[PDB]
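Just one protein chain is left out here, and the rest sit where they should.
As written, the chain order gives the labels A, B and C, with residue 1 at the start of each chain.
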Amino acid sequence: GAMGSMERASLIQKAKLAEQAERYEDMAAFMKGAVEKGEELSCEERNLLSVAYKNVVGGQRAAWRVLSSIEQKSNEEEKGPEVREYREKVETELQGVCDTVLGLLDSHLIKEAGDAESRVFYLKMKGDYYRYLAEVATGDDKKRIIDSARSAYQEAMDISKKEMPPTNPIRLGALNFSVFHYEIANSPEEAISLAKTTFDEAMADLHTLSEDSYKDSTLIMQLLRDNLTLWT
Amino acid sequence: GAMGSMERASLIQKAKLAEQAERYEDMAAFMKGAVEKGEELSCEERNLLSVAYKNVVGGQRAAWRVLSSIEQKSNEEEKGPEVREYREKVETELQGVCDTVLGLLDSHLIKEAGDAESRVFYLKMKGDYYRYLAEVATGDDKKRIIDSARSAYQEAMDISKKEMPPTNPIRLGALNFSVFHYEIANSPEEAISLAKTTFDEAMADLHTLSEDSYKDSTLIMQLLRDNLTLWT
Amino acid sequence: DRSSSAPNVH
Partner (left out) sequence: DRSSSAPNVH
């Protein structure tokens, strides 16, 4: 695309410098341009891609929430159309980043990935980016978006269950599916059963790990515990 | 310019919503478009303009410093041209924001402003944005930039001294001229005399103020004290 | 407040 004159490795190289500088718009466009070179990505290069687009959408989500609350406070004198126009503009920027990621996986990352850890990583991301769209959806397509996210989430679960151990951090990262249930799907008891089953089966697997791996998994198991303490 | 279809007041209106959301690129372009409507700015509208372009340049400065340090560590194997190319690109983005502000004051904010507090506010800003350019200058024009900043700083001092009291916060905000001396002009003893004279003449004026004004001036006098403790 | 989701890898 925009980055077509630059070598694949220089693009990886500059994504890591942007991270250091905290320049995540630059980081995301460098990694978009690497993806469009046509070759599969390694396990470190995949983490760069998710770190870059998460910090960018993370900022849009937070600003959309401020704006939408002012708009609703102005219902329960009136300042004009200005709040609803500006909230609409931000919202359209977020939907555009979500459509850009979703297009890179469809073209052609998911279909080329044959390893369990590649394929489960991309299918999670797909349910994450339909989720962020659902967070701001209100039309007829809102039930359709909730079902695309669901479907992508479930296919990744089935693979992870039969192909990886219960302490794998990509498998624990299932936390996100429980959030889907609680905050999007209006199914809070489903959300609670998943997080408790997930915590329990990892717990009974810790004895098999090194000190470095122990530390990685207990990180994510603590987030499952915080939510249960909040949802009860 | 880009914002020519929108009413002046809707533009002020949306700048305050962007601040709340922490969306300062949007904030700066709304206030650029208000300025280009051709009318002078009030005292609240002037603060919006300085808050917006400061937070934007503030991010560029911080990322330029990270990059430039990696580049220098790679002198005292070699990764290629990638660090110097990317540092060059950021640096060119900063110089472009500094040229955009400097152009709004020349066209036509400084020449239309006849009050002391308007005119001193714009001349400070002009020395601030030549300073940030000097922070990254290394060519033949580096001595020329240091002299534009100096000149704008001194004209504002002469007005502030004869036209406002020693506790006015715009007059105390003189702090910036002392930083110029210390970090840009290689004149650290000048920097130290100014901050001590400035602190002393405000101190002996506090008895004349309300509790709200007392609080505003003691804020900025504390920054003069922190620097002296550091520069000695 | 809202629920915790999975953190940025690094």
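Here is the rule we go by: a contact is a pair of C-beta atoms (placed from the backbone, for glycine too) under 8 Å apart; a residue touches a chain by one contact, two chains touch by 3 or more.
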>> I'm checking contacts with the chain that's been left out. Which of B:8, B:54, B:84 or B:196 qualifies?
In response: B:54
> Who touches the missing chain here, B:102, B:116 or B:175?
Replying inline: B:175
> Residues of chain B in contact with the chain that isn't shown?
Replying inline: 19, 47, 50-51, 54-55, 173, 175-176, 179, 182-183, 219-220, 223, 226-227, 230-231
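To be clear about the criterion, only the chains that are shown with their structure count from here on.
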>> Using Cα averages as centroids, what's the distance between chain B and chain C in whole Å?
In response: 37
>> Quick check: how many Å separate the C-alpha centres of chain A and chain B?
In response: 38
> Per the centroid of Cα atoms for each chain, what is the distance between chain A and chain C, given in Å?
Replying inline: 10
